[PDB]
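We begin with a single chain expressed as structure tokens, specifically the form deposited without its partner chain.
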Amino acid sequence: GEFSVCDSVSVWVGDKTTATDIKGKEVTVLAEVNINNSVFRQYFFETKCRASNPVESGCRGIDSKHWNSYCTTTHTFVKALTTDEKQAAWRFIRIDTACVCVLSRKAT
């Protein structure tokens, strides 16, 4: 929980129902997964940005004489039991994992 150029929020979500697979196709996330005749909930640990601009100028801490910046969220891939309505399988879906600052050089 270190002071950063971008403010984030993390939480455990055990009810995700909708998602984007690795191929970028939307899919539905099965609520109960059954392993070896044992059924479990699918959990994800997600981290979102609090705002795209923690501060007026963009990300906090930036040398704003020379850059433009903003906070955005990034992804990791986790296997999940999903369905796209055609075939039910395990796919890798995106899960937001961080809020990083992207930069752009100020145009002079």
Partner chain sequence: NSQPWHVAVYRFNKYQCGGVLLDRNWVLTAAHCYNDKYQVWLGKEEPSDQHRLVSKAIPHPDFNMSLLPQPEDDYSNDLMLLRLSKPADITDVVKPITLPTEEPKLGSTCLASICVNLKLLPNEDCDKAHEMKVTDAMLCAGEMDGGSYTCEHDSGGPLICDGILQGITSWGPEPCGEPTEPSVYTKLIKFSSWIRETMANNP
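Each form is matched to the other, and the largest set of C-alpha atoms that superpose within 1.5 Å is called the rigid core. Residue numbers count along the first chain shown, from 1. First, how it differs from the form solved in complex with its partner chain.
- Relative to the superposed rigid core, the position of the CA of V39 differs between the two forms by 2 Å or more.
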The other form holds:
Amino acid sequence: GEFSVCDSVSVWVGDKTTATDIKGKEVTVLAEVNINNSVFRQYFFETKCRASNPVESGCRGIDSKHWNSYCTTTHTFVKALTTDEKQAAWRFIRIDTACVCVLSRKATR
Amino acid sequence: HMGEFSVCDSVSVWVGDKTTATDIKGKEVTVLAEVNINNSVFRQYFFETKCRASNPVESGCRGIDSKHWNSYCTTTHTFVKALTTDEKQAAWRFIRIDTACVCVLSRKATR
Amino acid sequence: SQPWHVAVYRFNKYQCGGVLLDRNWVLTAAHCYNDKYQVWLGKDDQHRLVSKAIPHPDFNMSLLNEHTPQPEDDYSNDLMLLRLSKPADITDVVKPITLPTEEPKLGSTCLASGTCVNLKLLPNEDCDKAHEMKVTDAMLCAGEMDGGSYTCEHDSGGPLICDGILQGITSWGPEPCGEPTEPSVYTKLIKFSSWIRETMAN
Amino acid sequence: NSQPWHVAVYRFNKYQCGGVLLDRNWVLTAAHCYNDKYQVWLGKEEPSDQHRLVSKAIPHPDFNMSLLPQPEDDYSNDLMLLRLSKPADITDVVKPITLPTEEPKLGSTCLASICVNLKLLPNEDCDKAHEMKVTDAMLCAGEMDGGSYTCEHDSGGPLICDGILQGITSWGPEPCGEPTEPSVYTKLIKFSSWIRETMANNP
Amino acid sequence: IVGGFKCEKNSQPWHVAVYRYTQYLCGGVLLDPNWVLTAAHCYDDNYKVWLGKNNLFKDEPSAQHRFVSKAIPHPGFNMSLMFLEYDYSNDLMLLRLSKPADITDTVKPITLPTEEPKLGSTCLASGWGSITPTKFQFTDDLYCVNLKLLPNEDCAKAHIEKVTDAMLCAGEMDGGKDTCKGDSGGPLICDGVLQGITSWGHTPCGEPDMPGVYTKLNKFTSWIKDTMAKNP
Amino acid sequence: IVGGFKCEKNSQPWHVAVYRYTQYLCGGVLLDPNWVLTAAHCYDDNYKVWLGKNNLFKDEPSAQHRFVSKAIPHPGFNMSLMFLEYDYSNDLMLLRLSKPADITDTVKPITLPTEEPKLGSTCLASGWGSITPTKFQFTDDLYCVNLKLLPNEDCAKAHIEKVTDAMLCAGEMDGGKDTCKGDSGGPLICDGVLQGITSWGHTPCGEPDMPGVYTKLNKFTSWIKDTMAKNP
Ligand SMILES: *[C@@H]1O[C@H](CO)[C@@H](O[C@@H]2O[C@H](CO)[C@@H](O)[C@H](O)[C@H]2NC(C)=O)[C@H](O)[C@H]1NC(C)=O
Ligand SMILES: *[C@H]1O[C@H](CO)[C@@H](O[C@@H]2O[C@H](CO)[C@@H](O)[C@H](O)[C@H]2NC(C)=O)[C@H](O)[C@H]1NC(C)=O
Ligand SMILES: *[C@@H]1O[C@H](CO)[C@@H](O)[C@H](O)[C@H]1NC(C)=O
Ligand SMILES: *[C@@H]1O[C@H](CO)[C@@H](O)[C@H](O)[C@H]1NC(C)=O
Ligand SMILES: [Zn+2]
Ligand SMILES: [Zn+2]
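And the form solved in complex with its partner chain, for comparison with the form deposited without its partner chain?
After this comes the whole thing, all chains and molecules, with the earlier chain placed first.
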């Protein structure tokens, strides 16, 4: 019946230690949050691609003779507790969220 | 104009006027704009990405073999932990947020 | 490598999984009930239409289709047998699975399937703790916990093969997945063996 | 019918920058968009478009090339002139744009091309967001006071305040910065005599 | 055409091969020297028409080849088409040739229907579409096959897509016989009378309990005779 | 071929049209009675071969049509090709025919290079490809066009895709003439001697300062005779 142009996988991540801030620098994630002892733990919902070429032409269903295609992982920004050297605060970190298909024109005639 | 492009078009915005959300348990819940954690005020902003159209082109998504595949663009969601009210309590619950615009395929029965 | 897995294409509502029990029968959940069905075996592989829909009489139909999810819902007796209009061909990819004989051990390593899955069969109170639905003695409870990466999968009607043998059938659960550590509730298969074996023979 | 001066600078393996067409022969982008190879795409390939190769790259000398992320970085003098190998054709989709004449008024409405309505804020509102160093040779613009904000950042792109070209997008986190934090553009009047000079001495 | 036989040397003169410049596109029937009828979903930006052919790769002087100046598809066809429940209802398209066809022995028009076809009738379908069910292996020779006209319910039962009163259900139930990809626009001649045009079906083609769906031409005999004289 | 003239009847007997069942695929060049040469990116799962043709919809008796029994593409071609900087380097493929070409007046093989082409050489390219730059309008008649062999640097300048050792750059710099979609696998004969095959280029075709890229056959003459001798 129906199926995706690029395959994906969704998992919850609780073992995330390092991440990339919105400003572009590295930051270290903090497992437990809110009060002196684990009122709630930080879990992130991520979605990555399974392969760049699910079908060796790239994405499924593309007109291989006309287009060059590849599947790439798209990111999103989520607020999360982290630390830089010693200052710890709520920062927007880059989280994987989808698998989209990209296109270019095929020069082959 | 001359290079690479998305198979389905999208738009990314920061939302700060969000009041309602349908959480992970399927329940309608109210989203507050300001948090209160460790002596400070930070406003709740969510990064959303939706589709611009279901048909960026009549035949569906771009670059698809319209004489073999039926196609449409649809919006994909993700779960983000946010401050919410479920009439009685105020708690941090996972709410459904729009995140991507993916393309779906089916097989054409036309010969 | 899970040959018994079948996909129940319900027409204009969410898909359901199921188990192949006999060259002629398929076992899914009652909350998967609909007027039109289409059973996809394998992996257009094989696909047959369903002639005989049979929900366990002791299930609540009011619980069916778009209720606002309240935690006092007794999904108990969530079970259904579908009969194929034509038998399923056995291939190295389509194979049945036998009903349970022995009782489930708590602590067992179980498998589950699927916008694999290595579980452990926990006590029912662990499920009763997430006030999501009513958990009774006609149900099982399973969760997973070996790290900080839990996969988001919830297959309504799919199997729960514990200690190598069939033991349960995925009941109602949040979709695509639940809160990150939360257990899911499956329907216990032994408690209902008599009903199956008779409806499979009679 | 909107912004005909806009151009895309295909920097090959690096991030695609934007630019403004100033003459039929000259394109103006940002110095930090500097690379070895360039390809300039003007227009809305599918002909309405236009693509020219660049024959001369000329960054401002007074720029720090080591910058090619820390808050003590001076992006001052972030400007570059690219000369096309063949002239661009003026059409109903490709038009040049004039250098500024009058000074920009604070509080003016400005346009900006994983087109937006900005307001020219006082340089301090930028200084307070410790991202980079803000100097008198830069402008500060911010999208303001709605409920939801947009996510755009076109390096080398034009900042057109009240009909006239007033700036060129300098550095900034991409795809976009934070929810209310302003962006910094390179103030053009301040470099007007330099552009006119590099344009009359390199034909 | 899966599970068929090669058609006799010049048995189907109404058969047309619709091309798009140099590439094959669909089949069709010749109604009038100036008119050809095919299926709406073959809509492209150019139509050449090869008249009176049997083997697309041989020398046939009997053949003619014309161009098309106008194309008129039925307004009921959703052109977004060319969720799994699609409605390929009014799948039909008139195609006006440039210079008229030289009606000879090997190029003869076929007559429209004035009859509601009967169930159980033995129908004929032809075309240069695939002979293999899944892989698409088109044929050089024009193939024919004999199908049985089943009731519309057999189709609705087996297909997830809409079966409406503008559709004719035909095929074999034991399987092995069915039209397939590339046969569209071709005729479904039941009991000597043209009653349908090959539109949609299931891939793999020729599966048991999965009949093909053809456009019912007698619920459209009006739009054709109107649009034909109009010289649109 | 954009900006060309209709060829002179028996002028290109080495020219072949490679079909994939009923659909046009690419052009080609005949080297040995039982061997045809075309581009690698024309890789599909069946190759029929039309020999001695001038117009695809006309009746030509002098022609022949052979089936292909074996396909041998160069291992250098990244077949994932059937980021913008692609490398279509070793775009080459040998196609062994089932029953041999009947060498006659209208079906004659062209000899492989010994030479290394010189610049300024006027080269000829033929093909059933498009005569329109933007959208694709294939031709029934075989067109021929005379291009100039430019330095490989003219190509690398304008194209974002790698121009390399195994490539020949040819075209006109004013614009107006250049092979185009559908001309692939065709020949690029520079001064009576075959030197290349049509591989890739830019769409729109015939744009000023945008020459086409052809496969330099001289760097492959050892692979050809080796794989011809091994009768694969
Ligand atoms: C075959 O082609 C693929 C592209 O389809 C090549 O993979 C790409 O390699 C480039 C560098 O050459 C990377 O920038 C791309 O990101 C790669 N593609 C993908 C989808 O990630 C591959 O290297 C080529 N292989 C050979 C032997 O040429
Ligand atoms: C023709 O096809 C289109 C799809 O291409 C139909 O649109 C869909 O219609 C169904 C209901 O019939 C909806 O559930 C889908 O969500 C629709 N959306 C889209 C984006 O396809 C359309 O209805 C059909 N034609 C007519 C005349 O209605
Ligand atoms: C059936 O389910 C509905 C909704 O949960 C409930 O209100 C009703 O009481 C149930 N039926 C019985 C007999 O308890
Ligand atoms: C260039 O950048 C470095 C690091 O930001 C800085 O220390 C140095 O002073 C700069 N160069 C000049 C000439 O200011
Ligand atoms: Zn099937
Ligand atoms: Zn171009």
